[PDB]
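One chain comes next, on its own, written out as structure tokens in the form deposited in one PDB entry.
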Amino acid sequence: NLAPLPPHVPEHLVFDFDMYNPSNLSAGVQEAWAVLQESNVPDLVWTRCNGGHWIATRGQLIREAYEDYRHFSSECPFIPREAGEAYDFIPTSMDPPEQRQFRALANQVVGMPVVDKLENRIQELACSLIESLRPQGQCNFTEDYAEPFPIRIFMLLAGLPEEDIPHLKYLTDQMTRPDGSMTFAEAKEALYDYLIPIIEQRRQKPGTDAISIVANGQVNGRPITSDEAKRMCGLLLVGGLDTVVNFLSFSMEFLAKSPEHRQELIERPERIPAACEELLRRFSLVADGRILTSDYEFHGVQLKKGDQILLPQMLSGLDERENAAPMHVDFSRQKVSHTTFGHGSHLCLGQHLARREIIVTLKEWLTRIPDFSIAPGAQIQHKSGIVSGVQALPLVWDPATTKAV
């Protein structure tokens, strides 16, 4: 369905891109989105899909809009927008100055010191999962590793029972690549409903887990309230349970298709941190937006107050104006330019945990199962949304070529 074109939007700027089901999804999701950056396509277009909204196609515009919170606000309505409902996550649905006090507390639960503490449990789980798969000579990567690895580490961090995974995983899916069984407002409320009693419990009997830290936290010397804690934890669950999961499948799919890139990392393990960054650029997967606070002309385009604008984080690094041969994976790339973890006051606070999980995966995997391929005849399908992903990734390998550790 295409929403009627608003009177202020010029017809020459129309480009009906569907972020939840892009026209060329079969070429790969990043490729489908990259069609927006072609010379024939304007730097800023309006799509009538999903209620109608702007889409900044170039990294320069995407970066600029994320820096200007005064015009481009994070008090985001959904896409498609829902009547009387909008995002209220903390600190993600807030604009500075208000947003700032909340980042510190969030940073305290998923930040660097926390990642350092998790280090050995992270290494242990990756190794444990990979060793059990190794003798099989085959696996369904998405469900066998991509999902359990990051999710179990997060549940551990959050002090949540692993039995709650199917439920939470279903809900976070609805917040990124919804199948239509729930609205964003219902999915979000269910996440909140799950958290409420948990926050109360830990507020009274605190632990060292992420939920306890938020529940008993302080924002700028003031105690966070139950509701603010609920809204922060809700956001953390989405980030912690969904984002890395999908990214890992893009990376493993690529590696399974490029023996040359596998061998490179095998021979030069010191290049893994660099490979992680490069893969983060090439397989960037998030795309959310902002809302205009007033009538404003941006790069020759008249934007109206209340207009929604999607600023795809995934697009910046794929822009040939930012990186030469952007669709090519080059571990030795000199200046890996991207906005995969965001840009502006809302830079991803879980970026350190993400990188650590990717780097460990790459080392542990290539060290035990160095040679692997995609199952013969398999058609890998990608799904587009606020956080794009891989439907399934059947891999195969000869156990005789594996190294047991």
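Numbering follows the first chain given and starts at 1. Here, rigid core means the biggest group of C-alpha atoms that superpose within 1.5 Å across both forms. Compared with the form deposited in another entry:
- Among the residues 202, 103, 281, 262, the single one whose Cα moves by at least 2 Å between these two forms, once the core is superposed, is 202.
- Once the cores line up, the CA of residue 250 ends up less than 2 angstroms apart between these two forms.
- Relative to the superposed core, residue 143 shifts its CA atom by less than 2 Å between these two forms.
- In the core-superposed comparison between these two forms, the C-alpha atom of residue 187 has shifted by at least 2 angstroms.
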Second form
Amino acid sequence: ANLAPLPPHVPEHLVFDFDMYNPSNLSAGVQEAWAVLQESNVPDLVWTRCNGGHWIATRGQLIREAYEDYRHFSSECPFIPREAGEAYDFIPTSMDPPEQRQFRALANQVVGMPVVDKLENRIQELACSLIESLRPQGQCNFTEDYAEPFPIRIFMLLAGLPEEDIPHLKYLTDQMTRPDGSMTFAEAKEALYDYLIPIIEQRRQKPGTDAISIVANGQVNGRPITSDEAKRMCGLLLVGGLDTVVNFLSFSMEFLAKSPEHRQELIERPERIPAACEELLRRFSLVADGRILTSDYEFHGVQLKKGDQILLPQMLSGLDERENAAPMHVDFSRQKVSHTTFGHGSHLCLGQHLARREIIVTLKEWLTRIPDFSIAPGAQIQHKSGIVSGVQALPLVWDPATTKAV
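Could you drop in the structure for the form deposited in another entry? We only have the form deposited in one PDB entry so far.
No partner chains or extra molecules come along with it, only the chain itself.
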């Protein structure tokens, strides 16, 4: 079963053995599988003995509160189990303010709204190229053919890196979250650093207007950013916008493929696309990381112990029936779409603006060229669960005669 012995300070009545890496009824959909944590018989805050043992906040109120309170809930160990969150070094994911603030401001210079607005049409040009290449085929595995190539190519654009480096960079990042065995996490991480360091050092001396140049020439605490800090920052800027976007776009397209009326709504009402993007972000939320207790702390009537890890599923806030009525229903016209899909608090996703642009551009450009599409006949879509939950594959089909080259 792989259950760790219940710590003495944890009450038995709060035990609920949820496995974030293999939840029951995953076949019903990953968001639905996690939603079991919100059924009436489950407390607001529970302890699971799976994956080493850890707390799980199941309601939006608690999830938000914990993310706001970095003093008690530290990012030093954000992953479960502990012997993975202690190893990882990317900046500034494992830092708490004030330390985190300096690096966060610098990162915002490369992915902030001003930059996203400026690269807006370049992202569109990339989406159109990928979609046009698939259009005549009448079929594709959305995840492999569009979802994966899109974000990585956008990173190359952002970081001013050559297209020829994509296959290798993609492989290195793939090994960090989906290893085939050729490389350990440390080896993949170091391989990434071996690639980034030379570029960082060269652009420190002869800078451009790209993301790496900006980070390399950044300042931290009155002095210049070190090579170690720069590579760790660039590393997160790379990995942060890959799996999240790949899987999110896949969840969204899976829904649209199965929902003809929703596709038509966006075709007839293009102005609703941004709102649709927000509603999809709520319904198909997919991240679930955590924090570690800095000291003994009583939280909502529960005794938390220093060193205890707590999973705070960003995914769950928007699915909470206390926040949004009929949470499993996708309604593009909701007046108030509440969610913490991009996180909450000091670590709120720095790439949130880039992500929304990628989503909106994908939706508009795909529906413009391929308005009518469906899940391939006989195909059964499978999901996966973890820190970033997702879709294994998404075989889509369409009649080329119903499409149009634009």
